[PDB]
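Between the sequences and the hints, there should be enough to build the whole structure, so can you do that?
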Amino acid sequence: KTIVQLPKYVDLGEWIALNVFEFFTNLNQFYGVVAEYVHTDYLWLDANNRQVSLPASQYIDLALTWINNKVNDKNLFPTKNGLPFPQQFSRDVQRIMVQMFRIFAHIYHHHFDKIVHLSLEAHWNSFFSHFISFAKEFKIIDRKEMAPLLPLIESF
Amino acid sequence: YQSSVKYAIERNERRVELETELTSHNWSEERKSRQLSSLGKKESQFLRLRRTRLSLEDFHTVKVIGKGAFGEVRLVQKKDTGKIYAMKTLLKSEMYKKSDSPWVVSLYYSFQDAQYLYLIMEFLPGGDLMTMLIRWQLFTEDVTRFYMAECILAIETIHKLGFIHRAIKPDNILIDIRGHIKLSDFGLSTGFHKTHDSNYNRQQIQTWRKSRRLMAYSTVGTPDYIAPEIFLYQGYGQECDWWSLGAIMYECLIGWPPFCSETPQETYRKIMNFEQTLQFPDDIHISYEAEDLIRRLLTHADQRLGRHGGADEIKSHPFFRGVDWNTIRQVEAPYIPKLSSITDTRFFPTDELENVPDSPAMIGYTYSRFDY
Ligand SMILES: Nc1ncnc2c1ncn2[C@@H]1O[C@H](COP(=O)(O)OP(=O)(O)NP(=O)(O)O)[C@@H](O)[C@H]1O
Numbered sequence: 111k112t113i114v115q116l117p118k119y120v121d122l123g124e125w126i127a128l129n130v131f132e133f134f135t136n137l138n139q140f141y142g143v144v145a146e147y148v161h162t163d164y165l166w167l168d169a170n171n172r173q174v175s176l177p178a179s180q181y182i183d184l185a186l187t188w189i190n191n192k193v194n195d196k197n198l199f200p201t202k203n204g205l206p207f208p209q210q211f212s213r214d215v216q217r218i219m220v221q222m223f224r225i226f227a228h229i230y231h232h233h234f235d236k237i238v239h240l241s242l243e244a245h246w247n248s249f250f251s252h253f254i255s256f257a258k259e260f261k262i263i264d265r266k267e268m269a270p271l272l273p274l275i276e277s278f
Numbered sequence: 294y295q296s297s298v299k300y301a302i303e304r305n306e307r308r309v310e311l312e313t314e315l316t317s318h319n320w321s322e323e324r325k326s327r328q329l330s331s332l333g334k335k336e337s338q339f340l341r342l343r344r345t346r347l348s349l350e351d352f353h354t355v356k357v358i359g360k361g362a363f364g365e366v367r368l369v370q371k372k373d374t375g376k377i378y379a380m381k382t383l384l385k386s387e388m389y390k391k407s408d409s410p411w412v413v414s415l416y417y418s419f420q421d422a423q424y425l426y427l428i429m430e431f432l433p434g435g436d437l438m439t440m441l442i443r444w445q446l447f448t449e450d451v452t453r454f455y456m457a458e459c460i461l462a463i464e465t466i467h468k469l470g471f472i473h474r475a476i477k478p479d480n481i482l483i484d485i486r487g488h489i490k491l492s493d494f495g496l497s498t499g500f501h502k503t504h505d506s507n508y553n554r555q556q557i558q559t560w561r562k563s564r565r566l567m568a569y570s571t572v573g574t575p576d577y578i579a580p581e582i583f584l585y586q587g588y589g590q591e592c593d594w595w596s597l598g599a600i601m602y603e604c605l606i607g608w609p610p611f612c613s614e615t616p617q618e619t620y621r622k623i624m625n626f627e628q629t630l631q632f633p634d635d636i637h638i639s640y641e642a643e644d645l646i647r648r649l650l651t652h653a654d655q656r657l658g659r660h661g662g663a664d665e666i667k668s669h670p671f672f673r674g675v676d677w678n679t680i681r682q683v684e685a686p687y688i689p690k691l692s693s694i695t696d697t698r699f700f701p702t703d704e705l706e707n708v709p710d711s712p713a714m740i741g742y743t744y745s746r747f748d749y
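Sequence order for the protein chains is B and A.
Residues 111 to 148, 161 to 278 (PDB author numbering) are what the first sequence spells out, left to right.
Residues 294 to 391, 407 to 508, 553 to 714, 740 to 749 (PDB author numbering) are what the second sequence spells out, left to right.
Among the hints, a few may not be true.
[As the list claims (entries may be wrong)] Beta-carbon label-pair distances, calculated as ranges:
| hint | chain 1 | residue 1 | chain 2 | residue 2 | range |
| --- | --- | --- | --- | --- | --- |
| 1 | A | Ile688 | B | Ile113 | 52 to 60 Å |
| 2 | B | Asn190 | A | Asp421 | 18 to 26 Å |
| 3 | B | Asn190 | A | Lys376 | 24 to 32 Å |
| 4 | A | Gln338 | B | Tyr181 | 38 to 46 Å |
| 5 | A | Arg565 | B | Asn190 | 46 to 54 Å |
| 6 | A | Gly333 | B | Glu276 | 19 to 27 Å |
| 7 | B | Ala244 | A | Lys391 | 28 to 36 Å |
It is worth saying that the hints were derived from the structure and are not from the lab.
Just so it is clear, CB atoms sit at the ideal spot from N, CA and C, and this is done for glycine as well.
This is the structure we're talking about:
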């Protein structure tokens with residue numbers, strides 16, 4: 111609710127770049143729980171000859187690591203000084219938000235099975251409820267790629 | 294995947310942190326209406342800050358300064374901006390034990421590698437009181453009164469923060485650009501002398561005690577205080593550090609510490625004795641009040657009938673004629689370090705040693746408020 115809303119008199123870019131940085135790190139400790147051990163879909167990375175098929179989950183390793191590469195970059199993410207950001211990140215952050223949505227979703231469809239035996243469910247519930255609320259608030263993700271989440275979302 | 298409910302127990306304090314930080318944002322609405330003032334666009338811009346990310350190698354190293362068992366200290370310029378910093382290297386396993409005051413070195417923030425912790429400090433250009441005593445054995449009297457005092461006030465502050473140093477030494481005391489004195493802190497660096505040791553051509557006592565200064569150190573830590581309540585048992589309190597003063601005081605004036613033993617275990621020994629084993633030399637110069645102090649510093653830390661009960665009353669000694677105790681921090685210093693630059697290591701024994709029986713061999742800001 112109040113949390114993800116841009117605070118009074120903060121540049122959104124910081125407010126965004128911090129918030130996206132928080133989120134990556136949380137999903138990964140969550141998949142850190144699910145580490146190893148492993161309708162339809164949509165697959166990507168084209169053209170390049172890429173974007174084909176058959177991830178059958180357990181891909182996720184080279185998927186997250188591009189955010190790892192994209193969000194650790196000096197020029198894309200200006201930690202340094204007061205040097206500003208290209209703001210074209212608004213496009214890029216949408217990717218890193220949506221590319222993040224994949225593992226969110228994949229963790230929901232197939233692997234949500236193991237989570238509940240640990241009684242840690244509410245954590246991922248909230249954290250997932252956390253992710254959408256933010257990016258939906260800022261419209262960081264379109265309503266058409268939320269289709270798998272659409273039956274789960276509206277429960278309110 | 295056994296302990297992965299750790300991502301539960303953490304991520305609460307992740308949500309916990311996330312909440313107060315934001316109720317903190319509401320430190321705004323500070324709202325001075327005591328201004329009938331502007332209007333006039335806006336006086337509020339909030340950057341805001343960041344927890345960013347960080348690393349080593351964001352610091353160029355200039356020269357090495359000193360060394361310790363846990364690790365070396367260092368003079369580093371931040372690659373990023375350029376600046377000069379006192380850099381401390383420490384160690385994670387293996388090593389055990391699993407602000408605001410003019411007197412003590414400034415630890416700003418910290419960061420860490422795989423095996424080493426890193427501390428970043430204001431850099432003190434003037435060496436320490438170790439390398440001074442060496443430079444010219446302080447011809448003192450009045451020199452000493454200054455560098456005490458300034459030591460007392462240092463110490464008396466620390467105690468008043470509810471702290472006992474239990475490390476007070478020539479090398480553990482540092483000289484600033486005005487040649488004044490700040491002590492830093494134990495870091496916290498540790499280890500202990502216990503329990504007890506068992507084995508069972554000179555021509556000057558001065559020259560004989562000059563068999564001191566042995567293999568740099570890089571092993572240490574010797575009894576340049578060690579009041580004798582530490583060995584033995586659980587004990588001390590504020591009076592710990594006053595013994596270290598008399599220990600220290602005695603040395604700049606005499607030419608070695610009281611118990612200087614020629615083996616690290618003949619202290620305890622002598623020190624565990626004093627009484628018998630305290631002796632001022634035959635090289636004459638000491639005041640009647642200057643000696644009187646040491647002996648009352650160097651006595652038993654004894655409470656019961658007495659007090660000490662101290663930390664002032666030391667100021668009540670005749671050894672200190674004046675000064676105000678006020679004007680002290682602005683006063684011409686006995687030695688004002690003369691430097692070639694902001695990088696002058698001139699005052700440190702740059703040396704060479706390089707031994708660390710450690711390596712195999714081969740970041741965060743989650744803080745709260747903002748400086749400066
Ligand atoms: N903040 C500082 N600025 C400049 N020099 C420093 C600073 N801190 C430490 N040094 C130097 O490094 C030496 C010792 O470092 P230190 O942190 O005291 O090592 P240690 O093993 O932790 N404690 P010690 O037993 O005194 O060596 C000092 O005597 C100084 O010469």
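Outcome of the hint check:
no.	hint	verdict
1	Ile688(A) <-> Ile113(B): 52 to 60 Å	holds, 54 Å
2	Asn190(B) <-> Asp421(A): 18 to 26 Å	holds, 19 Å
3	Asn190(B) <-> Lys376(A): 24 to 32 Å	holds, 30 Å
4	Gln338(A) <-> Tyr181(B): 38 to 46 Å	holds, 44 Å
5	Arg565(A) <-> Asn190(B): 46 to 54 Å	holds, 52 Å
6	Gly333(A) <-> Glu276(B): 19 to 27 Å	violated, 47 Å
7	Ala244(B) <-> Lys391(A): 28 to 36 Å	holds, 32 Å
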